[PDB]
Every structure is written in structure tokens, then in C-alpha cells.
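Read the single chain below, which is given as C-alpha cells and is the form solved without the named molecule.
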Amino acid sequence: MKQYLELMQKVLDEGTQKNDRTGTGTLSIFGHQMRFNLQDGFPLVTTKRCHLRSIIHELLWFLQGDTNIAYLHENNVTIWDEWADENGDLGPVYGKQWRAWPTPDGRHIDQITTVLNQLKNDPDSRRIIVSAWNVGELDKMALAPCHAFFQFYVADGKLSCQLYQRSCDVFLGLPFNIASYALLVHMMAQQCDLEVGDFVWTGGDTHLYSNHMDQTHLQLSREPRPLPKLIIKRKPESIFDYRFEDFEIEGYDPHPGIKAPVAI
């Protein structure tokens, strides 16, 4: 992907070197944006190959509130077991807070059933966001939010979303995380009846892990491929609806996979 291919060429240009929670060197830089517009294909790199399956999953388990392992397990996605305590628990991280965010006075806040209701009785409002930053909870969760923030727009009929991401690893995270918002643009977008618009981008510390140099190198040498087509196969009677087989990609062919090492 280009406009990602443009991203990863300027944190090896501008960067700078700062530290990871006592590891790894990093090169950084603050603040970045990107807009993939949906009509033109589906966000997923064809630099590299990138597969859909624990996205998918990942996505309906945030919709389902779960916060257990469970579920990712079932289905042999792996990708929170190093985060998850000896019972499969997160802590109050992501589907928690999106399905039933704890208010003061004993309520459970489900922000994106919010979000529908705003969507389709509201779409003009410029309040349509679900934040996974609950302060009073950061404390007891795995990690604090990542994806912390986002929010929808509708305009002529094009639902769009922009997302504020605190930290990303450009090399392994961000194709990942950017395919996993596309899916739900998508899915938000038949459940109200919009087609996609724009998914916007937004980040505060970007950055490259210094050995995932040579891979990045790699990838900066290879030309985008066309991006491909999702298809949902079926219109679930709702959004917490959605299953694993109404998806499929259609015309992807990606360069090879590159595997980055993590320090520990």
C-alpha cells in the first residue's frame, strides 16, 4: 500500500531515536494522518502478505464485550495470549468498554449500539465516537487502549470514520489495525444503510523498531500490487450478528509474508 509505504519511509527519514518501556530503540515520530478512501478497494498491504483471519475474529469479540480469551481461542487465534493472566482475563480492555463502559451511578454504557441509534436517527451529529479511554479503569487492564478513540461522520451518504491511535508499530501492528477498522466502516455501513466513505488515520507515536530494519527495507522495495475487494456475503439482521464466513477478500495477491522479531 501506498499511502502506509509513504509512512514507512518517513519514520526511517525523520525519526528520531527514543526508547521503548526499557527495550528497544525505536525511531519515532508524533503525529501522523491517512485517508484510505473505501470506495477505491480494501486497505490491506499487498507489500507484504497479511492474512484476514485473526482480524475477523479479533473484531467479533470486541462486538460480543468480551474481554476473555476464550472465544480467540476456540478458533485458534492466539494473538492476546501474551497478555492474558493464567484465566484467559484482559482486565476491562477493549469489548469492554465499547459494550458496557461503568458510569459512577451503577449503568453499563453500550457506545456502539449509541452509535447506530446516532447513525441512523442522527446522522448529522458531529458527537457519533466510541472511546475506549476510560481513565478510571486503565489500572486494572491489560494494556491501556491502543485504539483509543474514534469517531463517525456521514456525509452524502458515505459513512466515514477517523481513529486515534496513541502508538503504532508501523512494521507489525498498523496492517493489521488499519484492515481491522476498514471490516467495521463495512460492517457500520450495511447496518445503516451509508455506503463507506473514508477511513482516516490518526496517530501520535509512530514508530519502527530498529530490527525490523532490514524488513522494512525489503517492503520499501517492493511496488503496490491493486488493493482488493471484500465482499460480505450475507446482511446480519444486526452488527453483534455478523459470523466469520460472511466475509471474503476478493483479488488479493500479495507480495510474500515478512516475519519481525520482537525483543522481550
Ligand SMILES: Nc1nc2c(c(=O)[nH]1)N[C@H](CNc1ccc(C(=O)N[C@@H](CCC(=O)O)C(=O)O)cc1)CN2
Second form
There are 2 protein chains.
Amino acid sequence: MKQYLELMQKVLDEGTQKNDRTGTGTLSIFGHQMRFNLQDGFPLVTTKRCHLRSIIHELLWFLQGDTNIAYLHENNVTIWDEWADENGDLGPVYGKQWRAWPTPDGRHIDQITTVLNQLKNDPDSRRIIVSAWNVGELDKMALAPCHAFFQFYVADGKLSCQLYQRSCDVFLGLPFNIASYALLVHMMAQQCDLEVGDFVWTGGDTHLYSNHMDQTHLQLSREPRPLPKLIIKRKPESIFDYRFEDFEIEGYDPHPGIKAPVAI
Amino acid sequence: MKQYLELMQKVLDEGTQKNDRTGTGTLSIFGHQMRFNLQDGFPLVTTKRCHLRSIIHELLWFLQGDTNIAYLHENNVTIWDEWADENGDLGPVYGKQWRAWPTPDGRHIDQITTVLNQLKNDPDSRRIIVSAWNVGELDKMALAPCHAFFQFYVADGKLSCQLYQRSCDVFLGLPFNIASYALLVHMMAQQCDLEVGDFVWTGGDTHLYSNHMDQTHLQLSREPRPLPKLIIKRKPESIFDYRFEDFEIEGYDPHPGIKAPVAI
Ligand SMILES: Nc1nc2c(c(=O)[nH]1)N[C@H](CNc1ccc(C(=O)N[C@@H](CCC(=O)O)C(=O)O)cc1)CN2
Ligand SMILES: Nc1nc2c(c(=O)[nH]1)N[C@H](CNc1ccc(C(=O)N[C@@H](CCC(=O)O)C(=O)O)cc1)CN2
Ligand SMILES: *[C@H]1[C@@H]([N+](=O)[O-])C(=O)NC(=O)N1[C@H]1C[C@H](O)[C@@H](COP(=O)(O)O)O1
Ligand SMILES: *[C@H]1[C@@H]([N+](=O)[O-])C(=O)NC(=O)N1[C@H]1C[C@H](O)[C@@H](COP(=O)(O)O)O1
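Given the form solved without the named molecule above, produce the structure of the same protein in the form solved in complex with the named molecule.
Full complex below, order starting with the chain above.
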């Protein structure tokens, strides 16, 4: 997609060489923002084939509040295997914080239910936020959340969302993260009877790994194709009741997939 | 400042009318980003006189971990009076979360000390974050944090910072918020022996109140003046030991102040 290839080029032209946690090395920029009008189409990268199966299942897994990889394996999704322990556990990552953020006085807060309540009763609110950045539990997580904090906004009968992503692997992670959140915005809007508006992506440390350079040059040589359309085939009773079979992506005709190693 | 007047104009031209919490009404946009290179000068608005006293003291107050307004009053700062209770308390707002974020298992995490440790030992880290958005304590706060989440970044011997501000009163709040965080970046850099880099501001619901329109038109008629310079006159032993007298703002020659009512 145009905005995505523009970012890739910007990282190549403007990024500075930075060591990293994994020992791999990156080219990095700090602070970037892009906007996707969800009415123009579903923002799934076309310049390489993306695995929709993994994207959709990961999101449904988050929404269940699950942090064990059993569900993903049951569904032949292996994108989280490298970080899981012997029992398939990741610690209280994303889904746990979304559904069951623990308080000092012993409660658990379901941020997704809270957001639904807000959208249905106080749509003008400037506090419609979900955070995964639970400072008190960071040390128990396999990895600190990359996509950390997101906010909804309603104007003129449309639902928008902004994501703050503190760290972004541009080649591997970003195509998944954009699609994942676009999908959530479509689900949320369906449940709230709103139209879709904008998905706004904001990055912190936005980088290309040093061993993704060949892959990046290849993909930059390709022309984007028209965006597909997302069809949700039924309206479940709640945001927690979607199934893989409920989604259709129509007119997705990507260029071939490009393999790249994940930095662990 | 150029970036600031550009935003004001954009809100006037592109903002949609939105009701709000306070009953005042706003023009609102969602999602905006601006960048200030701190080497070009200290980003204090010149098209109206800003009260530096209030800016500096508010920041020092946050850093103490204080949430009672006594300290501000001792220093003749009254910007937080409207939200405080009979005892001058605001609940566990900003400073409390920064210095003493409470965990379930009973601990308190000092995020500022943690960040210092990270900057001094792991400057390449992509996880150098402070959050005020403590989901478990939101209901005890006078107001939910506006400036919610910020990240540091080091490259090439320079310290940058990005702030996510979920809600932004463009006329009243934003000039303070930009200056406040620029100041913190200068303090942090001094303590860590780094040069200053960029301050990146990212907004969620970015708005002009309906009863700030005259004030906005007035200010938009004014030409920005050159940015002042921040001089820090000594190096305290720690980030917690700064005093008001340690800061000099040189060459600040603003246009006159513009009064506007705060929406409560
Ligand atoms: N450094 C690094 N990068 C990352 C993650 C990480 O923790 N470390 N974690 C992220 C969580 N998301 C993904 C997304 C895609 C993949 C991945 O590998 N994807 C394939 C293969 C997909 C498949 O299983 O079929 C691709 O070619 O797009 C891994 C993690 C993404 N990037
Ligand atoms: N709606 C609304 N807007 C806000 C806040 C709010 O909670 N509600 N809280 C914010 C916290 N920051 C400020 C900053 C400035 C002022 C203010 O009023 N400033 C003066 C007067 C300064 C002074 O005391 O001398 C000015 O003209 O700039 C109030 C809160 C800012 N904007
Ligand atoms: C992190 C990631 N995740 O773990 O779920 C995700 O969804 N998107 C990412 O882009 N992603 C990247 C950022 C970085 O390259 C690594 C995480 O490493 P640290 O930033 O060192 O924590 O995965
Ligand atoms: C909030 C504010 N604060 O309370 O400290 C700040 O520092 N900056 C702001 O711009 N600010 C604004 C945003 C909005 O106009 C109100 C808060 O109202 P809600 O967004 O309804 O919580 O103050």
C-alpha cells in the first residue's frame, strides 16, 4: 500500500543505524504517523501476500483474554511459538490486560466491555482508551507490548481509532498490526451500529532489521494493487462471539509472499 | 510558533462540531503529529505570553510525586484549583503514577528512576516509557490524564521524546504541554549527558473550545517571533533536585497575553 511503501523508503533514506535488544541491528526512525480511511478499502498489504489466517486468529485470541498459545496451535497459527514457555505460556500479555487488567484492591477490569459501554452511552468521550501497558506486570510478560495503547473516537456517525505502537518491525510486524486493528475497528463499528472512519497509526521506534534489506528492496520494486473489501457475514450477539468463518476478504490479489527471519 | 498556528488553522478548517463532557462544544480533529527540533530553540509560544512560572512549577510538582495543590499555592500557581477537593487533593493523578505506580502485590514503581536507569545502561531500548494511564486508579482521579504516555529514544548522542496526548485543549493546554515536556527532555538529557533531539507531539482528540474562537482569530493574526533559548544554570545531583531558579529563558519577547475561560 502506498502509505506503507512510503514508510519503508523513509526508513531506508532517513533511518539511523541502531543496535538493538536482539543483536541484529536496525535502521530506525522515531515518530511517524499514517492514516487509513477505512471506507477506501481494507488496508491489507498487496505487495506481498499476508497470512490472513494468522492475523484473524491472533485478534480473536486477544479478545478471549487468552495468553496461552494452545488456541493458536489448535488453529495452526505458530507466530507466537518463539516466546512461549514449556507450558505454552506468555505471561499476562495483550489479551489479559485487555480483558482482565488487575488492580491493587483485587479487581479485574475488562477494558473491552468498558469501551463498548462508552461507545454506546457516551460516544463523544475523549477517554475511550484501551491500554496493554500495565507497568506492574511488565516484568512477567514474555515481551513488552509493541502495540501499546489505543483510542477510539466518534464523529459524524463514524468510528475512528488511533494506535500508539512503541516499537515497530516494519517488514514483518507492521502489515499484521495494521490489518489486525482495522479488523477490530470494523467489529466495534458493527457492534455499535457505526460506520467505519479512520485508522490512525502512530509509531515510536519504527525500524527495519538489517537482515530484511534484500526483502525490502524486492518489495519496493512492486506496484500496489487495489485494496480488498472486508465483508462481515453476520452480526454476532457480542464482540466476544466472532468466528473465523464470519469474515470474507474479497478481491485480495497480492504479489507473492516474501520470507524473512524473525529477530528473537 | 509555526507548527502551533498551523494546527490552530487546521482545526478551524477541518474540525467537526462535537459536543463534549463540559457542555461547552468544540471543533475537533482526531490524530495529529508535530515535531520540534529542540536544537532550534525552546518551543514556547510567542504569539501570546505564556506564564512560565506555572509551567515550571507544575513540572517540578509532578516530579515530586505530589498530587495535592499545596505546593502550587505556596508558589502562587492556581492552574489546578478548579478540580481539587476541600483538602486540596486531586487523587492519584500524574505525579503519583510517575513516581509511585501501585501494583496488585503491594509494590510502588518509580517510573522516573526506572527511565534514568534505562537511559544510563540501555539507551538503545525501545521500552523507555512512562505511563500515567493506570486503568485501576482512573476512577479515583479528578480528571483522566490528558498527556497520557510518553517514550524516550536515543540516537547519535541525542535524546528524543514522544508524547501521546489523548485530549488536547489547543488554546489553553497545548502551549503549556509542549513547554512542559520540552523542559523535561532538557533535564533528562542534562542528567544523562546527552544532547537534546526532537520532541514529537501526537494528539488524539485535538480541539478548540467554542468560546475560544475570538481568541483564536486574534492570535492567528500575529506573527511568530524567534524562539527563546533555555539555559539550565547548574547540574543538580538528581532529576528530583531541580529548582525554579535553575532555569533561565533568554530572549523571550512575546506578543501580549490573551485571556480565555477554562471549560470545567
Ligand atoms: N523482531 C520481531 N519482530 C516482530 C515480533 C517480534 O517479537 N520480534 N513480533 C510481531 C508479532 N507479529 C508477528 C507477525 C508476523 C510474524 C511472521 O513471522 N510472519 C510471517 C509468516 C506468517 C506465518 O506464520 O505464516 C510473514 O512472512 O508475514 C511474526 C510475528 C511482529 N514482528
Ligand atoms: N477544558 C480544559 N482545558 C484544559 C485543562 C482542563 O482541565 N480543562 N487542563 C489543562 C492543564 N493545563 C492548564 C494550562 C493552563 C491553564 C490556564 O488557565 N492558563 C492561563 C492562565 C495562566 C495563569 O494561571 O496565570 C493561560 O492564559 O494560559 C489551565 C490549565 C489545560 N487545558
Ligand atoms: C512487536 C510485536 N509483538 O511482540 O506483538 C508486534 O505486534 N509488532 C511489532 O512490530 N513488534 C516488533 C517491534 C520489535 O522489532 C520487536 C519487539 O522488540 P522490543 O521492541 O525490543 O521489545 O517486535
Ligand atoms: C487536559 C489537561 N490536564 O488535565 O492536565 C492537559 O494537561 N492538557 C489538556 O489539553 N487538557 C484538556 C483536554 C480537554 O479539553 C480537557 C480534559 O477533558 P476530558 O478530555 O473530557 O478529560 O483538558
